[PDB]
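Given as structure tokens, the chain that follows is alone and in the form solved without the ligand.
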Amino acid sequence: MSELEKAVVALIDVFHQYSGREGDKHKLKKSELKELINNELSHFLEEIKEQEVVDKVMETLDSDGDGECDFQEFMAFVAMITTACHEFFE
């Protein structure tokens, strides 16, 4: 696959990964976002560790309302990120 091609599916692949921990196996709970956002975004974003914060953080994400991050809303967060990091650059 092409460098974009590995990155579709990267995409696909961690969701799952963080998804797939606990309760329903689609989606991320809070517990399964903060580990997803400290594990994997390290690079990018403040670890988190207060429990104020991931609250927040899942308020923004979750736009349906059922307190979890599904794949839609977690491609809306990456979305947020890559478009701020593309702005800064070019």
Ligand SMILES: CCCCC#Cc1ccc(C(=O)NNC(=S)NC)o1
The other form holds:
2 protein chains.
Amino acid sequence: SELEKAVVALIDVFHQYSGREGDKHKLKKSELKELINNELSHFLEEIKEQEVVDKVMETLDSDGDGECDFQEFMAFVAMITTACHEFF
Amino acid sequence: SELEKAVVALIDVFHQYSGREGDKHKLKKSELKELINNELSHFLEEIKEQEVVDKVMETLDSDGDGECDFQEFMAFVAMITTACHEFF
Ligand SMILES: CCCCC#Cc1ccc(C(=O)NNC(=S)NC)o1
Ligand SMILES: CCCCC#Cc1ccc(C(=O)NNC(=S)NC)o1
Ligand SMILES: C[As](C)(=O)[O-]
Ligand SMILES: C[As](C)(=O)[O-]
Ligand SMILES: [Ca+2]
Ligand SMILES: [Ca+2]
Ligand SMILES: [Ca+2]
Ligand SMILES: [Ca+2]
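Can you switch from the form solved without the ligand and show the form solved in complex with the ligand instead?
Whole complex next, starting from this chain.
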């Protein structure tokens, strides 16, 4: 179904980005930035400044380790979906 | 992108199911049951018993109003994705 498709897309995109460098299970700042810029260009403004990279991670980073893990990525997804859900 | 596709699929599926009866913004038990049975047949066992319908809603229903709203649907999605994410 389309829902099952969306579930595996969420898994797949996190993984193409998280596995690039360092911890293959977490998104560092440069990997988060590339995900947003390449994969969310219709929902979010392109990130061009280091201070925005820094602030975005600061916001997503619930447990405070400096990176975005899968659960944190999932909360980020829920935020965008809710924002899109109620624009309409 | 495939991620933006997944975001709009999440919105769309909740809405086709929630708007069927009563509150057009919330999933009652029969609407939740149909969503899981029709749209999650590869991830979850088909629900055939009222006690399972009752227990599933009890689990998803964080604020205690007897129905599943959008934020609660989003937490349910995060649970299935995490379960699927780490099966592999
Ligand atoms: C082509 C679709 C564009 C039409 C549209 C839209 C729209 C309104 C608000 C958002 C959005 O996702 N923002 N996310 C935020 S503010 N951060 C969590 O997206
Ligand atoms: C065709 C794919 C089947 C292969 C597979 C798989 C798989 C393992 C675990 C789950 C799952 O989503 N369970 N969700 C639960 S337990 N409730 C929150 O799915
Ligand atoms: C070694 As690689 C292509 O996952 O950065
Ligand atoms: C009136 As209807 C087709 O949204 O249940
Ligand atoms: Ca990484
Ligand atoms: Ca973190
Ligand atoms: Ca309803
Ligand atoms: Ca509820």
